[PDB]
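Participant: This is what each chain is made of:
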Amino acid sequence: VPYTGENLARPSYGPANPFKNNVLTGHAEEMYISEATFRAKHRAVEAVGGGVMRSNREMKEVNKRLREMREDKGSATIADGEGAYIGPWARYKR
Amino acid sequence: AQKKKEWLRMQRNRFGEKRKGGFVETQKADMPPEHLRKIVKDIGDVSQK
Amino acid sequence: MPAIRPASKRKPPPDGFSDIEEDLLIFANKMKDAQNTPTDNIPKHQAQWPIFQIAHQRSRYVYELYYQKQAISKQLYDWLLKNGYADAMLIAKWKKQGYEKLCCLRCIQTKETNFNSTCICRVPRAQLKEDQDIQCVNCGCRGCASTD
Amino acid sequence: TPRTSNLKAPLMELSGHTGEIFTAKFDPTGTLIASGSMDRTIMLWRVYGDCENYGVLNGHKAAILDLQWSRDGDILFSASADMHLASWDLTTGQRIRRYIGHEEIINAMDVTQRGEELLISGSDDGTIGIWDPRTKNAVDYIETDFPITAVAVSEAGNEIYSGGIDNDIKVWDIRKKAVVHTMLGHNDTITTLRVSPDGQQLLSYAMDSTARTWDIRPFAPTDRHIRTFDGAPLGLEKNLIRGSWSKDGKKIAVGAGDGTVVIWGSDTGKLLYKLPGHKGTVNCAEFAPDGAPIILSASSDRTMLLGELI
Amino acid sequence: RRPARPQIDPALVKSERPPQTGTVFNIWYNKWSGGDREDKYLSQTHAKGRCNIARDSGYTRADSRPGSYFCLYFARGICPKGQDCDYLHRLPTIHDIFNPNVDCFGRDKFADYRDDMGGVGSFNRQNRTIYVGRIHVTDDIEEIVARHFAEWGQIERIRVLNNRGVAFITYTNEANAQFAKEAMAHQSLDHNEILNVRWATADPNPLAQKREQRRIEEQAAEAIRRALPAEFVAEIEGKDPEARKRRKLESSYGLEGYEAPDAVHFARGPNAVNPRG
Amino acid sequence: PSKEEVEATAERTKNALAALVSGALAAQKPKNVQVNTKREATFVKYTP
Amino acid sequence: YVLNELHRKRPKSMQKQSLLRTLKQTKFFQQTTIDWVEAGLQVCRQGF
Ligand SMILES: [Zn+2]
Ligand SMILES: [Zn+2]
Ligand SMILES: [Zn+2]
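Residue numbers (my numbering), protein chains in the order written: chain A, 1 to 94; chain B, 1001 to 1049; chain C, 2001 to 2148; chain D, 3001 to 3310; chain E, 4001 to 4277; chain F, 5001 to 5048; chain G, 6001 to 6048.
Certain hints may be false.
[What the hints assert, rightly or not] Reference excerpt, derived from the structure (chain B facing chain G, CB under 8 Å, subset only):
1. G1016
2. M1031
3. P1032
4. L1036
5. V1040
6. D1042
[Stated by the list, open to error] Far from chain E, some chain A residues (derived; all Cβ distances over 12 Å):
7. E6
8. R10
9. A16
10. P18
11. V23
12. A28
13. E46
14. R54
15. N63
[To be verified] Listed below are the simulated PhoX-like cross-link pairs for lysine-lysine, each with C-alpha atoms no more than 20 Å apart in a straight line:
16. F:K5038 <-> G:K6016
17. D:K3238 <-> B:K1005
18. C:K2082 <-> C:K2011
These are computed hints drawn from the structure, not numbers from a lab. Positions of the beta carbon are idealized from the N, C-alpha and C atoms, including for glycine.
Working from the sequences, and respecting the hints, build out all of it.
Facilitator: Below you can see the structure in the form of structure tokens.
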């Protein structure tokens, strides 16, 4: 009491108003979750591809088309001229 | 099968030793000296707006 | 020693240095040119991008001369890593699973972001939008995930 | 409310963990609490007298998901996400030894309170492990095809109740290494498996927010169910919520994702209690084993509540 | 399509000090100090570029990102980046509305105006009126104003107070007004003059006052009509006689001669006694 | 009042004054560099 | 020497935070290796 089942089961008597929130715009409470839970749910919403059922080989295939759309990375043993290493600073063609 | 893969990935992400604080932690590394050289040369006499 | 010695206290580099010395001075002159690049037309953080790019290029040249082609000796490799001709920690990340194409070390420093993330350039390109040419504010990286 | 039990306060906090508390237990005497958490430590508290933290165990490289007192009350048992088990001396505070061989995260673990002493370690490589608490190597391991999140050992000491992600409570024989029967009815992953103090009923809470009591007696009908209980919702976190039986077996308590502990009557089915007070998913809800109306809740707001039932 | 045209070459665009109006350049405030205060504001110079929307428009690295603001320097005609700019390089349309904290270029709007009334503006007045002066006083002011104050947006009303060389251009969109103010400032109309395109104050003409007050009232009425259900508002005005009859018959609830109050009848909620919503 | 109420009020008032002493000591001599890299996140359940 | 030894202070020292390590914890300070002459020129220009 007042945490028992029969206390939570009883309703509030009387009629209802024909015409609360912690902050001015809604109700906000402090909560405790793991970091991984928030990161995984934010990732599921954020990543374009959150869901859409996909195994490893066709994901590697999509990676392969995305990689061949990009410019040539270059050769790291070529220090000057055409074929010089550009690397992660290679832009995507559009 | 896909539920098993998702559960294994989620539990490895959550409880792995590599993510003790939620993220992968690395050591504070040394920058190339030319980065500081360029910063100090660029800001100069602090006369540009 | 990275500290300069005059002429008579300098020790000679290990054997095989003179074969790659021209490319090493190519990288050195590229970095010296990157020191004198106008900042008047670009954002401030964009003024420092070519230095990280050239450091990556020189470290990658040393790394794939020793590990892929094996055209330099181990003693020469350790002398190059010890005398500032390659970044040893970036190379150390390059030998790891998933960091083989990492642009720079500052893009995996998770303790120094707002929400303890890596850089957005660490993300595989498939999970990013189309027509999204991201360009890292740390170094100008356009995506350095291993699958990219 | 007047005073019901022999506590310093009718309800009181225990805090000091810097991570999510995943498992909390009781002494068989009922005077000591041992809690393992996300922060890779174990905190040992004294319930009666002055409520004092008296011990910390620091040996595990990852989160401690389980810990179980022995039959006497001097040995502690830790299952941990560093892919290990551990036996701890709670006199010197040192670790006795580590149990090695599981290839994934151990989710569950149980010791035999009657008969010979064994360790029951279910782990995400689909493996139950039967361990002797004197050798660092496993006595045996039963391999399955699905990760196992809840195990329990029987009164007879030869039956293993294993729940996992295959939505079935499997009953295995140790000496045969084979399932003697499967028990269906759940449709999300089983998080706890507790045998009644008399050993006549089985409790199983799962991730569908339904707690099922099952008839476990050997001469039972084809459907070994008993009853289903609702009112303990699982929130956003997919934690391994673990429930418990009261000593008389009349009441069952299951933590909820709302910060509440939902207590039902095992025979009637009424919602006897919905106890708030936590700002996170209540990972464990335990009853005092020494005939006391005391409930301990451990929750991922890094805290435990010790309360009395009035 | 068409990429964004680079307006001025980067060789002519630098970041240099202002012309020397003193002896010591203050580097904290970046302003010349010394000399005489007779110089002070001196004069308003002629800007280094105008805009052709048909020629300079295109796509940048901003059409791919939703919510990108327009470019201040594309509006000023001196943006050299072209397609590599992070902001939009097109004209603001009629659906380019912005919240009352930023302009169309993303600069923060202020509480009150500045006394020399220019800059970003204030959010305490939905000001779509731009004040232009310093026009070479001729007889054909109106035609050249209507020709040149027309490529920046859609225009409600231009009142040319001729003889004074002053006009007040009211666009239908606030973003278009800000674009026109940042585009025509220090430009030339037909001869070599510097236009003082500033933020207009309030037209003291009572006709303009009641026009603005009314327009504010139907803007708020549009918002309220969006908020309320269609049957509710249709009973609220009561211009439709059938809606009036619906109000008389529906607001009885058994008891005759009630005519239920608007607090009870026009109420929204789960426990209200109405068709609700 | 008996020793129980007296000591309870003593505990409450000395906790409040200890918080005030901590604030005054923070204000009196700042700790040279005012940074804190133990930036632990706070999670909020917000129902609009 | 004698005054240094006579006034030889050794009271309790509490938890001391290092300035350079606390600055190194933040993102606003990086670390590198340069010639001491370059560092001295940088320090003199910065102070100016
Ligand atoms: Zn980088
Ligand atoms: Zn990056
Ligand atoms: Zn990168």
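Participant: Each hint: holds or not?
Facilitator: Do the hints match the structure? See the list:
1. With its C-beta approaching chain G no nearer than about 24 Å, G1016 of chain B sits outside the 8 Å limit, and its interface hint is violated.
2. Below 8 Å, beta-carbon pairs count as interface contacts, and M1031 of chain B has one with chain G at about 5 Å; its hint therefore holds.
3. At a threshold of 8 Å, the smallest CB-CB gap from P1032 of chain B to chain G is about 7 Å, leaving the interface hint in force.
4. A cut of 8 Å between beta carbons decides the hint on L1036 of chain B: the least distance to chain G is about 5 Å, and the hint holds.
5. Contact between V1040 of chain B and chain G, as hinted, is supported at the beta carbon level, the nearest pair being about 5 Å apart and thus within 8 Å.
6. Among the interface hints, the one on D1042 of chain B is violated; its C-beta lies about 13 Å from the nearest C-beta in chain G, farther than the 8 Å criterion.
7. A cut-off of 12 Å between C-beta atoms confirms that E6 of chain A is not in contact with chain E; the least separation is 25 Å.
8. Every beta carbon of chain E lies more than 12 Å from that of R10 of chain A, the smallest distance being close to 19 Å; the non-interface claim holds.
9. Its closest Cβ contact with chain E, about 4 Å, brings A16 of chain A to no more than 12 Å, contrary to its assignment away from the interface.
10. Not every Cβ of chain E is farther than 12 Å from the Cβ of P18 of chain A; the closest lies at roughly 5 Å, contradicting the non-interface assignment.
11. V23 of chain A, annotated as away from the interface, keeps every beta carbon of chain E farther than 12 Å; the closest lies near 20 Å.
12. Every CB of chain E lies more than 12 Å from the CB of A28 of chain A, the least distance being 22 Å, so the non-interface label holds.
13. No Cβ of chain E approaches the Cβ of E46 of chain A within 12 Å, the least distance being about 15 Å, so the stated non-interface status holds.
14. In this structure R54 of chain A is separated from chain E by more than 12 Å, as the shortest Cβ-Cβ distance comes to about 24 Å.
15. No Cβ of chain E comes within 12 Å of the Cβ of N63 of chain A; the nearest lies about 21 Å off, and the non-interface call holds.
16. The straight-line distance between the Cα atoms of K5038 of chain F and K6016 of chain G is roughly 17 Å, inside the 20 Å bound, and the hint therefore holds.
17. Of the supplied pair hints, the one linking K3238 of chain D and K1005 of chain B holds, its CA atoms being roughly 15 Å apart against a limit of 20 Å.
18. Restraint check: the Cα-Cα separation between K2082 of chain C and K2011 of chain C comes to about 14 Å, which is no more than 20 Å; the hinted pair holds.
Consistency note: the structure conflicts with the earlier hints numbered 1, 6, 9, 10.
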